[PDB]
Amino acid sequence: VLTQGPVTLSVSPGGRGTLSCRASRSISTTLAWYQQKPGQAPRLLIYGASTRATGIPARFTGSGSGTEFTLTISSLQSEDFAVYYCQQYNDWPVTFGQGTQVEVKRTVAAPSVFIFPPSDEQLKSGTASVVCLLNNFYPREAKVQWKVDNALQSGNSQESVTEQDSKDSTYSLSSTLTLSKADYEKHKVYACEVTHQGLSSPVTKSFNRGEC
Amino acid sequence: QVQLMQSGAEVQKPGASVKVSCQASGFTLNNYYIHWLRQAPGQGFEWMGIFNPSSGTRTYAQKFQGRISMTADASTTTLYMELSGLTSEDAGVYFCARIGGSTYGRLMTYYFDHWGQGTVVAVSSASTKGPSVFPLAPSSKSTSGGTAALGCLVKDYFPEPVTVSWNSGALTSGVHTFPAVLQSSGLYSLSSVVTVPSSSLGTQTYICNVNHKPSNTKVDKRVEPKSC
Amino acid sequence: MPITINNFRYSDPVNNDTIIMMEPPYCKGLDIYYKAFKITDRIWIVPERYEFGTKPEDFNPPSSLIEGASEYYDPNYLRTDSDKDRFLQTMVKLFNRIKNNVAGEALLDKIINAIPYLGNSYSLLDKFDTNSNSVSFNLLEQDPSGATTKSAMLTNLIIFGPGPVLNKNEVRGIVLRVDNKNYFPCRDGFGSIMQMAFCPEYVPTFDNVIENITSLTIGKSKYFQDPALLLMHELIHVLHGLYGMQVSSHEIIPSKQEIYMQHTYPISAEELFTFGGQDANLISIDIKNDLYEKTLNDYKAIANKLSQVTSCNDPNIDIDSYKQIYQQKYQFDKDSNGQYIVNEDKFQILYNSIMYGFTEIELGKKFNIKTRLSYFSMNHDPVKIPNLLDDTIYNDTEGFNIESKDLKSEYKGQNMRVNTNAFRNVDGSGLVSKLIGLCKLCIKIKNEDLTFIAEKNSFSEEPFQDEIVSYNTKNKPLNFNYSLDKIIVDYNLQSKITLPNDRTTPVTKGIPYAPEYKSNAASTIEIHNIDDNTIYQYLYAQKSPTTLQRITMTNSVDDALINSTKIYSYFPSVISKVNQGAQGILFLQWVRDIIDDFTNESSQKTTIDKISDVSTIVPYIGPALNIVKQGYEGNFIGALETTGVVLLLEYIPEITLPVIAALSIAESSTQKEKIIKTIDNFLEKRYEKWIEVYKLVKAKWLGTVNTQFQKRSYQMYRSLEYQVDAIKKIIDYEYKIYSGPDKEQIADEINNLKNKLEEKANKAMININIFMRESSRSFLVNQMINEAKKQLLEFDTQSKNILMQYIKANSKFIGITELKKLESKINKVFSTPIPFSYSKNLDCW
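Protein chains in written order, with the deposited numbering: chain D, 231 to 442; chain E, 1 to 228; chain A, 1 to 440, 466 to 870.
Relax, there's no trap hidden among the hints.
Here are the simulated SDA-like pairs of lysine to any residue, each with C-alpha atoms no more than 20 Å apart in a straight line:
{"id": "1", "chain 1": "E", "residue 1": "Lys155", "chain 2": "D", "residue 2": "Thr357"}
{"id": "2", "chain 1": "D", "residue 1": "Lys397", "chain 2": "E", "residue 2": "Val175"}
{"id": "3", "chain 1": "A", "residue 1": "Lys591", "chain 2": "A", "residue 2": "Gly606"}
{"id": "4", "chain 1": "D", "residue 1": "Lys373", "chain 2": "E", "residue 2": "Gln183"}
{"id": "5", "chain 1": "A", "residue 1": "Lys815", "chain 2": "A", "residue 2": "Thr681"}
{"id": "6", "chain 1": "A", "residue 1": "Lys168", "chain 2": "A", "residue 2": "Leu231"}
{"id": "7", "chain 1": "E", "residue 1": "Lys129", "chain 2": "D", "residue 2": "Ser355"}
{"id": "8", "chain 1": "A", "residue 1": "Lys471", "chain 2": "A", "residue 2": "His380"}
{"id": "9", "chain 1": "A", "residue 1": "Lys702", "chain 2": "A", "residue 2": "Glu843"}
{"id": "10", "chain 1": "D", "residue 1": "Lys397", "chain 2": "E", "residue 2": "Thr172"}
{"id": "11", "chain 1": "A", "residue 1": "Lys714", "chain 2": "A", "residue 2": "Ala687"}
{"id": "12", "chain 1": "E", "residue 1": "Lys226", "chain 2": "D", "residue 2": "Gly440"}
{"id": "13", "chain 1": "A", "residue 1": "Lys591", "chain 2": "A", "residue 2": "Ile560"}
{"id": "14", "chain 1": "E", "residue 1": "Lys221", "chain 2": "D", "residue 2": "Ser349"}
{"id": "15", "chain 1": "E", "residue 1": "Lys226", "chain 2": "D", "residue 2": "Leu353"}
{"id": "16", "chain 1": "E", "residue 1": "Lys141", "chain 2": "D", "residue 2": "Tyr414"}
{"id": "17", "chain 1": "D", "residue 1": "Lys435", "chain 2": "D", "residue 2": "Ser349"}
{"id": "18", "chain 1": "A", "residue 1": "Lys788", "chain 2": "E", "residue 2": "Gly105"}
{"id": "19", "chain 1": "A", "residue 1": "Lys865", "chain 2": "A", "residue 2": "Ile361"}
{"id": "20", "chain 1": "A", "residue 1": "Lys779", "chain 2": "A", "residue 2": "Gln614"}
Chain D is faced by these chain E residues, among others (derived, beta-carbon under 7 Å):
{"id": "21", "residue": "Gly44"}
{"id": "22", "residue": "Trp47"}
{"id": "23", "residue": "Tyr110"}
{"id": "24", "residue": "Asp113"}
{"id": "25", "residue": "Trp115"}
{"id": "26", "residue": "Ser142"}
{"id": "27", "residue": "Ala149"}
{"id": "28", "residue": "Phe178"}
{"id": "29", "residue": "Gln183"}
{"id": "30", "residue": "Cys228"}
Rather than coming from a laboratory, the hints here were simulated on the basis of the structure. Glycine is no exception: its CB is placed at the ideal position from the N, C-alpha and C atoms.
Next up, chain D with everything else stripped away, as it sits in the complex:
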């Protein structure tokens, strides 16, 4: 197996990084490096532990000692934000690493949180889905918690997505709470509590059965 732990690594733009690829004695072959973004095909960065193809800039290169190898990059840019994999072999097939995602520059952005009550149309079909929307936040780490009046309901018919990056370099997430008929009308308030430690910022939104 090929270990690329930890699976992440961060450096300010325009500096010097290293991504390591630890193997074992049951390897000892050539190694290839590969830059990769999910909306594109993987790119051959380094082959043969050292050899670099034409078209790869003068920043990508590396080495490889004993049972370990590494990838080195120079002058980081914003486009280098991608996942990197090391690919070796043994006496049977091809073997890939777990892969390493490289973060670059970042700024702190607070989440905008809008809660919605169940609309007039879903309660006359019997259902009751509760929506909490978060957007325009960075880092991509956030905790979402649901509450009934004052009781926690985290995991009780709750579906939460993983933060995904928008074309504005900010992240967004969604969180759905499924209920029946009683549970929306039985209690005085629900609440979507999110937590973003970019500024140690917890913000909570609520709704309530027809509090007009």
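Use these hints to put chains E and A onto chain D, whose structure you have.
Below, chains E and A alone, put in the same frame as chain D:
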């Protein structure tokens, strides 16, 4: 120009069959190792299978051994991947990759330099379901910081995607179409919000055009404020 | 002019002419008689076992050997009168086969007309000495009343049967005894009687792996040798001894230190010149000059010894007839006074014709007989030819390759996979070999599959000492070769010189001692306990069980060694399927993906950009022969980029040289004008040394670093045979278990794809042979040639500062004559080095 194209996967059921293809264009195919590789929804890279230019040598990774097969046709410039006995751990995007430098003799050991773009294998137990579309109104709990907030909540649908669009496309500023959430019964859900001015709610009319292409279910669903 | 071959049966009576009752040399004065037959002029045949200097127990097969290849023993060979008639009629047919070709007819003529000198270095100067057993034998002549008579006879060659060992043939000179030392007149240029212990039935065997040319329909196959060619091989040593040019020194001793090395007898410089080919530059150019000067001194001594002769011991011998024969034999001239002198121009032609004229490779081309190209090719177990007297198997015009049976093409008459009716295997009762053991599980390896490595002390060091240049110092010829076609052309132009009557006075003065039989028998087998896995455990793990039982392949060498049913392999994806049991699917996709599976895992070819000379690199050499570097478990390409082609060696040599001493000038006398020839000799001798060390570096490569390269090809051929033979048995088990309706129709297509396995394994050996042959060329032309050129550029600037100091000392004699000012600009060729020629020295201008 050098190009590989791949085609022939959609949404299947457990234990059926599917067959996938990888048609080259731009070089002499009969001289290159060509691999098959994949990626699961979440895990990283995993090699699956390589065959060899002479419609020849080939191995498989342990997790699909005896369950898959590789072969090619040296006369139609195509290679294929057979899948047999499909389970819930075979979804993901698949690539075919030729190894480079095989112009200097085909039998190069270990190389490659170029994949194609990739098609989605999808396996699951649910069925093709059109979506239940419902409004989402503005009110005082989430309006008027200068602007208000609405949306349309698409409810319970299967294979992605859902093309969402407001008032026949004449409103694409303030648009936020959020990624879909994969639930516990295989069905998806996303919602779209728009960020609009809140003092003219009542005089202008806000429609969301919902399109579920793999199910032929087009909904047009107006949304207007209420007064509890 | 045509040579005549006599015919007789062994039961024919003694006639005191062509059939006599012999006394061999080493029976001088014991009154022991054997029946002999004259096959032709000056050649006799005695159907008896060579038992001189031996013990009756020496003919018995031992348990193990001491040195060399396998040997066959049989004390009952050539025992009855039926065996001796079988031996007599076979030798007549082999001589007729040699006669029916002009190349063999010229070889017989040189042997017959090369009578030895009556006398040697310890005879008398004024008389021909026909009174030693080394020149005369005895015979017994009966009268009608049974009354015998003692007489003598002159002869050149006597052929006996084999000794304790049957499949080795020998040829030998008669030793003499003087002051308790051994002496051979056949090594001082005088000549003597040459005796043979020949055996025609048991022949050696070789294969076809190394050769460059390759035919996909022929493939690789083993061949047996023609006994006629085994006989002409044995006449050239007689030709060498009849001219007294037998060589014995500057032998080559093998290395006996490591385990992977081969124990054999020392290779003599008599045997490398006789065989011919590229294994002739094994002796460096500097030794061939020493051998050339020795014979020149010997023939000069004979010329002066032949000029003082006045008489003989036999009163009937005309003293004028013989002196014209030996002025013809030794190519002598006459001065104005009548004494015989040596014409060096005629001596150089005569010396090159005997040593480098007749070879087995050249005679094999003239006789359309297939021979090995390398003295170092693999020898297998010998076979026997029981039907040599059957013209359907062997005639006196084509041998085994008869054209009327479609056996001349591609030498299929000697192919053991085609002409199966011509040979039979020898019983293992008399066949004895030398075995080494590797315990770790003990395995036995023969003395023929290892790798021959010699020693460093065996190679000349003369091109390193002090050479003194003078005015009367001559040039070395650097020309040691002679064309066989030139010998045939001169033979047709010869005038039939006649030999005199070969009867003389009895023998009275020999000694009947025969050199003691050097035994080869050993009691015990050498057993080696090692720790790690060598290359022979990797090859042993690839052997398949000799039973029809389920088999699998693994990538672990230790699993195949312990487990019987498991086999080691180095083709990863091929091991993927042969273990997979094809259930529910047709053999069409199952078998084809097993054949072409081996196809694209075997012919693997790559190049290394750092190494420009090797055009083909096979990556899976390492994992199959355990050729790996520390920290390179499987990275054979990465270890080749760092270490280089030296990694393939089992045995790394030291590649340096010591010191090449400057030349010195001792001709200080400028008494005569235009002494400038001393300058020319100093330039000529400078050029010679640059060829001496070159061919002395070309000599060590052929004898130490061109044998480990060859045996990588042999070891690769066995592994490819082990892998293919395993797959061909893997596929048969799944076919017998297969119970399908289509089984009866697809039978021919299954066997059709098993022949495809050999077709791709042969294409793999083409890449492997190109790998090892070019890598052998890449370790010579670069490294140690660049280590020959390194400090040979040092002797140059060390011989101009001596030359120009000699020029500056005798500067007042060459001035004002356009000689000194010219011979300073002439020192431009001195800035130019003389390069190396790996094969042919080409000159496009």
